[PDB]
Amino acid sequence: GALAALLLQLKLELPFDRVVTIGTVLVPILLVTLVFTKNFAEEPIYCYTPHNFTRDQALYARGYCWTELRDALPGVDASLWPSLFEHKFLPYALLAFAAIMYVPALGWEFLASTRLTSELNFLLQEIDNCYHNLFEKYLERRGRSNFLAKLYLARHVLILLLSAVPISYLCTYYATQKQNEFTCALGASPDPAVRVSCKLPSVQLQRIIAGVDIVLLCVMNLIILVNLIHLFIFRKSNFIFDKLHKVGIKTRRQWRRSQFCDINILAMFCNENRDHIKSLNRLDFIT
Amino acid sequence: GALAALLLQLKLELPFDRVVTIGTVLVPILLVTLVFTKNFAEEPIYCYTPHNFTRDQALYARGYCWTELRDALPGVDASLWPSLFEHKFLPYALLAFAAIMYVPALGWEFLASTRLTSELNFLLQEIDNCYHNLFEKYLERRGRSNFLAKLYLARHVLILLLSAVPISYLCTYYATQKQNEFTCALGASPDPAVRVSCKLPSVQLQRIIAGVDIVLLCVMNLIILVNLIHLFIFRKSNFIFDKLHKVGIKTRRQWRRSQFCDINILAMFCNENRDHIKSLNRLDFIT
Amino acid sequence: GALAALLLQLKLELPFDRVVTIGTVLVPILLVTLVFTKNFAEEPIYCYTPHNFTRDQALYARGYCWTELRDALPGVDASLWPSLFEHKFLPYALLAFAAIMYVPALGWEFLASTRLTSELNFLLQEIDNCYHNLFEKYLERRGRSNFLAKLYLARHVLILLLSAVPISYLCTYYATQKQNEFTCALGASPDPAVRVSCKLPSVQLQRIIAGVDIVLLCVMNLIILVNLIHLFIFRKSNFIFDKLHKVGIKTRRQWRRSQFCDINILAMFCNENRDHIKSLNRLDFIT
Amino acid sequence: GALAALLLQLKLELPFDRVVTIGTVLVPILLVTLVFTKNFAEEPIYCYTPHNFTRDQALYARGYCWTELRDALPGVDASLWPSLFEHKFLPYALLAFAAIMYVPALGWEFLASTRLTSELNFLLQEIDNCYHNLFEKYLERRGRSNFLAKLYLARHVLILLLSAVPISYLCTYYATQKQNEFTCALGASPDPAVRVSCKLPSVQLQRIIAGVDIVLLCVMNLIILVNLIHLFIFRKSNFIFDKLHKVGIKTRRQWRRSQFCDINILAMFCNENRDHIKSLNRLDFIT
Amino acid sequence: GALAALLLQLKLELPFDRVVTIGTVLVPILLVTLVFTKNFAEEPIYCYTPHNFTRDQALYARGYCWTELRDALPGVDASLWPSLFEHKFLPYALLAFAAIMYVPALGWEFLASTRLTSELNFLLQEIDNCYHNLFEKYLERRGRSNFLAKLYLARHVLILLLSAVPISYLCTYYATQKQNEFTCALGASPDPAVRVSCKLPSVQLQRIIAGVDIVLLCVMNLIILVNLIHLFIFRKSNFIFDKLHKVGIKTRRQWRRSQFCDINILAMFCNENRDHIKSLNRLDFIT
Amino acid sequence: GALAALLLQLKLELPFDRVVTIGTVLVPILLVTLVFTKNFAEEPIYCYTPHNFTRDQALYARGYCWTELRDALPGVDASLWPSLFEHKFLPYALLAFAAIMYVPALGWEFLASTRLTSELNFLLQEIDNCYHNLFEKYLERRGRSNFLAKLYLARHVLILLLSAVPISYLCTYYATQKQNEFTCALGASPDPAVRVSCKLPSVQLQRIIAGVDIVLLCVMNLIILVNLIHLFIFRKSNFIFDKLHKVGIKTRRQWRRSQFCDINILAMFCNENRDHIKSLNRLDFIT
Amino acid sequence: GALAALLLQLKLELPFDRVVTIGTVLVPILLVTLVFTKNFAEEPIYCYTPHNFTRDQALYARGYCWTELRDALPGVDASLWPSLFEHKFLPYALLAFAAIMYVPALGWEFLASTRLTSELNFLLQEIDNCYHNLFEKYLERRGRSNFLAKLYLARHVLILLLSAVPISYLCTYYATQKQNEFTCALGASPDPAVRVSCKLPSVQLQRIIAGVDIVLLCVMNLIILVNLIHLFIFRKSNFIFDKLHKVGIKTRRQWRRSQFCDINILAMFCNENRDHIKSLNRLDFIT
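Chains as they are written, first to last, in the authors' numbering: chain D, 35 to 166, 208 to 266, 273 to 368; chain C, 35 to 166, 208 to 266, 273 to 368; chain E, 35 to 166, 208 to 266, 273 to 368; chain B, 35 to 166, 208 to 266, 273 to 368; chain F, 35 to 166, 208 to 266, 273 to 368; chain A, 35 to 166, 208 to 266, 273 to 368; chain G, 35 to 166, 208 to 266, 273 to 368.
Keep in mind that the hints were calculated from the coordinates and are not lab data.
Here a beta-carbon is modelled for each residue, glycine too, at the ideal position from N, C-alpha and C.
Be a bit skeptical, because a hint or two may be false.
Here are the simulated BS3-like pairs of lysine-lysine, each with C-alpha atoms no more than 30 Å apart in a straight line [unchecked claim]:
#1 F:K225 - E:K324
#2 C:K212 - C:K331
#3 E:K72 - D:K72
#4 B:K359 - C:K212
#5 D:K280 - C:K280
#6 B:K45 - A:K45
Computed Cβ-Cβ distance ranges for the label pairs, DEER-style [stated by the list, open to error]:
#7 A:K359 - C:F315: 54 to 60 Å
#8 E:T67 - D:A130: 25 to 31 Å
#9 C:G35 - A:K359: 22 to 28 Å
#10 F:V300 - G:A112: 55 to 61 Å
#11 B:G57 - A:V296: 27 to 33 Å
#12 G:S147 - C:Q159: 50 to 56 Å
#13 D:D162 - A:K359: 29 to 35 Å
#14 A:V296 - C:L233: 30 to 36 Å
#15 C:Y249 - E:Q252: 32 to 38 Å
#16 D:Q159 - E:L325: 32 to 38 Å
#17 E:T148 - C:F315: 41 to 47 Å
Far from chain B, some chain A residues (derived; all Cβ distances over 10 Å) [stated by the list, open to error]:
#18 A92
#19 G109
#20 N221
#21 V240
#22 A263
#23 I344
Excised from the complex, chain D in its bound form:
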């Protein structure tokens, strides 16, 4: 059994989950690191300075106007001056969104690690016996359990619910703030405050990234809905039933009565692991 031992690793992750993970979590991290690399290659703020100022006072003006980040208008008190804090706060939101989106994929394993592996191992061992009524009675008990169905459905729906947060915040940022210049007003005269106008060269790129992320995240939300409806309603085929050719009449009406059956979920992992069963081709040609 050296060959079996060397290839004893069993796939426990459907390709659809991998596609969803790649399309949802991995790409935003790459975009965030690209934005960070671009942002740490230039000075943060560029703006003007009167003639009388020395170098140190100019440095203080730049630092203060970057730290405060508050606009000003003529004839209006400071109680109504607009702010631009999210222009500086944006990337950390995406950094947190990556993890909050990744949580469910890690959550599923802690519940599906062992039981599914044991059941799959037992079924694959049993397939050898049927090549030539312990198994017949097993389907009756196993086919009325709906624990796996009640868990697989829960994982997918939670992704849809958690997707309302990132889209809502990005949608209200893309079409709300377009300002790029403001009149910073530092108040101090330790020899009538002076006024400067400053520019933010960190906005023409973050605008584009916030637009691509909306489209990419919305497509993944739609593709989940179409697969879920088709899977549990329209599909009336089971892989295990086709390759067995010996099923009792007592299991006929049960299968088309309710689709919330354990054997429905178990049918996929056997299909995706058809390599490990060596009697598939020989048995298929018999019929």
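With chain D held as given, fit chains C, E, B, F, A and G onto it using these hints.
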């Protein structure tokens, strides 16, 4: 036994412990490293300088006002000037809190490494024999021991007690330190001391981090309490008893008389390692 | 079976796919990283400054004229001033093009991982028996399937369709914009706006890279078309039929009627994996 | 014996030694590296400069006042000026203290590597035989050797003696130096020496580190003393004697006549390696 | 067969190919990286500046005269001003020329990875049979094939053809351009253009590297020609025919008629893998 | 023999050699790297500059006074001016001393790699036979060879001889070079040479390192001498003779007639590898 | 044969070759990297500057005088001005010398890889048979081959011939150029050329390195000559003949007639691989 030897590793850590560790220790390290990366990308302090000063005197003024970090008020002596030391000392507190929270996880292993492994190995070896009165007398002696219960309870209750320190310090920091500008007063005239006002651009981000960490640490404190009560009081089921179908009358009343039973802790570990026993499915279908 | 177990890995990617991948995806990444390395070794913009300006105002002028990146002309309002944004936006387009071109290679595996491996394993196991009528009837069912053919054609035809985007954008950039100098006009006089003329030293190299990429990507588009026509139309030879020497007359007219047959794709993989069969040389010399 | 060969690594380090090492050696290295990281993020010394000085003379003044590091007072000659050298020399003392504390742990292995392993292997091999008078006479000779006891006691007592150096120096430093400003007086007039006052921004953090290390190192000194007395005086139980159930009366008097017995040290090692013996549970239930 | 399995790797690359690769491809990469390391340790251009210029105008002058890289002469219009472009472009051309020459090594592997290693196993296996007429007729069919000869010849001749590009370009660069100074003329007067003379300190080292690479690449071109003629024409010896001692007269005339035989190429590979056959020494001493 | 194969590694290095290596070679490398890290964290030389000097002339003065490193005195010609080259040349001396001290340890292996291993393997194989007159006559021939003794003695004495160089140079450096200030005199007047006084802030730490290294290297010299005398003169016990209990009278008087015996060296190696013989404990209890 | 398979690696490199390589090739690389590390930690050239020069012209002057690197003298035209190019060109010469010296060691393997291993394996296999006339006649044929002798001599003599280049260039550099100052004369007056005096602080260390390399390389040249004469002329002993005790009278005078025997080279290799033969000690004691 090549297949068994290749997979001879036995799980020893419960999933709940892993969840608690991830939710308690790992995240604050990431937040601290993010804060450090942000903080080491700018100057420490920006502030003003009179016209007569040269460059070196301005540099000395900046350094002295950063090092002293003391406020000033008119008409008040130096004996009552407020300080702002937390704004400089904050991150190391979190750095120490990470380790002081991580200690119990290391402490558990040094006491539970070997005995639990040996007992589990003996039990899993015995399960083969019961498929077809050493075990009958074994439960009488083993069921009256309470060493594991007296240790598992101690590990969880210690986390709750140690959680009073980090929360108490962070709560009083959130609602007390709100100042951002002060009038530093350096006293020296080696040709009536001059006065400058300085700004700290390292406070608008540390405020937010100190708020998220409170909520995250408080939720994990509550989730521990609910699980402890349910496991040791309300749950009246043992995994080993259900899959054996052979229990003496004498051991029946001892099970519900007290809950501090050694078999109770052993029951959970066997459930999470049900893969290693190959007679589970065959024996379950018998009943 | 230690020797077989050690060399249990089976080749799954055809050499043509590897050649296409190397010629399409890998090289643009190297060109992009070379461009980035060259571009991050100098200042972004070089230009002039009047005599009255101090240092800080000159720095502000440089930064503002780099950020705006807008031309100016005499006697024309600002509503018709040309822009040069792609000179700054170019490399990220190639960075995205690399991945959007690489997608189909990753897409192929998720569908061709298991079934092809199982079929190849069964055929290689069986080929020992033919050395000395399940196989005779096997070609009847297998030879009328066309799933693999309907998938292999889809992968190649999708590369050609996706090649219209990168070619169109690069073609309209190489021979449209050749400007290198412009008269930036910053408007502010907080003591009649001053005017400066600036130079972009990041255009003489990106022009050459955009030319080589056009030729390299166009050649791979042509080489795919010639191979597709030859493989499915002109080639009238099958590897298995040549080395079997026992085929019924029923499979003769079927093979010469339609080329959209499943064994045609399976023939190539067996030929490239002729090492794993040890009866090839002995059987070939028999005829 | 593949399973035995794969797990042939026998534990040789007691958990108490690991706890002492972690509590004594590892933590000071982390504190030292934290101090170094903090210290290499700022200029070494900040201080003032008269108006007539140019830039180069100011740089020389800073460097000279940092290098000399000597105080000054009015009306007192240079023969009585206080110094502050250890403020600069502190971290290397801790760096050396780490290694000088770590020496004994490395020293013990070179003497305890082989003999203990050989005797433990012999005992573990023999335990199989006793399941069903070489061993009876073996304890007579082995029980009268005190080499291991004479070595284990020496290792622990040496740690206590070596702990007088690091505590004495740190304790006498925490409460002798609170100065932070001094009046550096550089003497040179290459056109009545000028005087400047300088500040050291590397003292408010090294004070706290030198306080924590005192408490942490002192607690580990106390915990060693309590364990040594309990193990060699109060404890009147041997693991090997309890699990044998076949012992002679001749060894009874020698058991509590003297505690410097070889089997006493071997008793702990067998207890912590109870996994490697498979007859423990079966033999224990017999009594 | 553990010893055979452990040493199952078969050499499939003649030493001559390794020598050619090392002498042709590897060295230019080292020279290019040395040139890059030297060139990225100094400023690109040094030159003069009039007295009235400030710092920013001098920086613009340096940058503009580096970017334009155009000479100037008195009394001649700008349409005939000589250029010095390739002084900035040489290293990238060297990298491209070092990377292009790697195609044949990859092509040979792609075209002969499998067939040679599949065919050689039969010859290595049959040695046991010949120790004590399948092989007699085997050489008749195998000795009349010329596919391998038609491929080995193509690989070597293709190296010679692609070697005419690097030699032609480097030869016309070593003895054409020796200029080192020029009179850059920037035209702009935002208050009769000023004139400066600039120096390129990146030409005295690239001259030497372009000379060594000519000699090294030319020698490898000659050594290939002499080996090709000797192997296919003058050499009248076959390794297999010397170690078999049983060949028919039919195979005699054909071997000396045409040298374009598959057995000729297979002779060298068997000679370099004489270790894997253990009957060589015993059979050799028989004759 | 899987267990023997897994642990087939035989120790071929006495612990004393490891202790000497750690105490002699490893520590100076750590001290040198610490000195280098300290030395590359500050400017090399600090000193004064007259008022009329500009920045570039001050930089030239610093560079010249650092390069020349020559003192000056009033009324004395340049032929008698003292030098201070050691303060700049010191670390490379230690860097070379490390290797010149490490040479013998590498040298011994090239001569003791194979013969000792083979003879030890033969002896360990033989020990099995003696459990139940080839060996009786073996000691007669083996006991009259002194090759191993003539080599082990030579390795240790060469260490003592090579220790005269590093100690002699360091001792004369500690008590001779104490200067820290000098009056550099650069001679040039391209408008009576000016004079400056410079300070070297790289001497207060290299003095302490040169003191610790003297004590550490001297103690290791003494510990070698005491062990050499004890091993070859006072010790009158052999491990192989004690555990054999069967030696002829002919081998008795030759044992203490001369101590330059091969079995004397082999006695130590067998003792350190007592684990590999499993009959030690059983045979020892027999007597 | 698991033990033999695990230790199937046969030594092929003689210790003398390893000593020559480590003494010739490895050390110069370390010296070159030390020189590079020293040279890349300071400014390249320190040079003076008149009072009227601005900052940018001073920056130009240093670079121009460093690039030209040409001396000047009064009353002599530029046609006879000495140069100092090797002061800048030195390290690359050593970098190339390392590789040109390393070539032969890599060259020898491509010719000695296979046949030596095959012959050694056959002989070691044969040694088993002689423990109890194919081998008798083998020495007659093998003893008259001189291919290995004609190759081993060629490898060593080529090292001596290639040693004439590095020594000749270094000897003519140590005692030819000792200049350290020169009067650079930049000619340009774009408002009678000015003159400055420069300095090269990269000469006092390259002088010492060029002195050590002469001695180290010359000693290794002498040690090769003495070993070559002793091995092939004076030594009249063969290891294989001593341990066989069975040589014909025909084989006696041939060995003492000519020393260019293939068995002579093979004898040394067997001596260093005496571990792999287990009958060495048993056979040696027989005589």
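Within 54 to 60 Å: is that where the Cβ-Cβ distance between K359 of chain A and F315 of chain C falls?
holds, 57 Å
Is 32 to 38 Å right for how far apart the beta carbons of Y249 of chain C and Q252 of chain E are? Given range 32 to 38 Å: violated, Cβ gap about 54 Å.
*Once the closest CB in chain B is found, is it more than 10 Å from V240 of chain A?*
holds, 26 Å
Handout entry: Agreement of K280 of chain D and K280 of chain C with the hint, judged by alpha carbon distance not exceeding 30 Å
Key = holds, 21 Å
Taking 50 to 56 Å as the hint, is the beta-carbon distance of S147 of chain G and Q159 of chain C inside that range? Between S147 of chain G and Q159 of chain C, where Cβ atoms are some 53 Å apart, the hint holds.
task = Quick one: work out the minimum CB distance from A263 of chain A to chain B and report holds if it exceeds 10 Å, violated otherwise.
result = holds, 17 Å
Distance restraint hint 27 to 33 Å, applied to the beta-carbon atoms of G57 of chain B and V296 of chain A = holds, 30 Å
Original post:
Going straight from one Cα to the other, do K45 of chain B and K45 of chain A come out at no more than 30 Å?
Top reply: Satisfied, since the Cα-Cα distance of roughly 20 Å is no more than 30 Å.
Run the distance test for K212 of chain C versus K331 of chain C: straight-line Cα separation, threshold 30 Å. Cα-Cα ~11 Å, so holds.
Against the range 41 to 47 Å, how does the distance between the Cβ atoms of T148 of chain E and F315 of chain C compare: consistent or not? Given range 41 to 47 Å: holds, Cβ gap about 46 Å.
Exercise for review: Could you say whether the range 29 to 35 Å given as a hint is met by the Cβ separation of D162 of chain D and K359 of chain A?
Suggested key: For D162 of chain D and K359 of chain A the Cβ distance comes to about 45 Å; the hint is violated.
Quiz prompt | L325 of chain E and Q159 of chain D - C-beta distance against the hinted 32 to 38 Å | solution = holds, 36 Å
Checked against the numbered hints above, the structure breaks hints 10, 13, 14, 15 and 18 and satisfies the rest.
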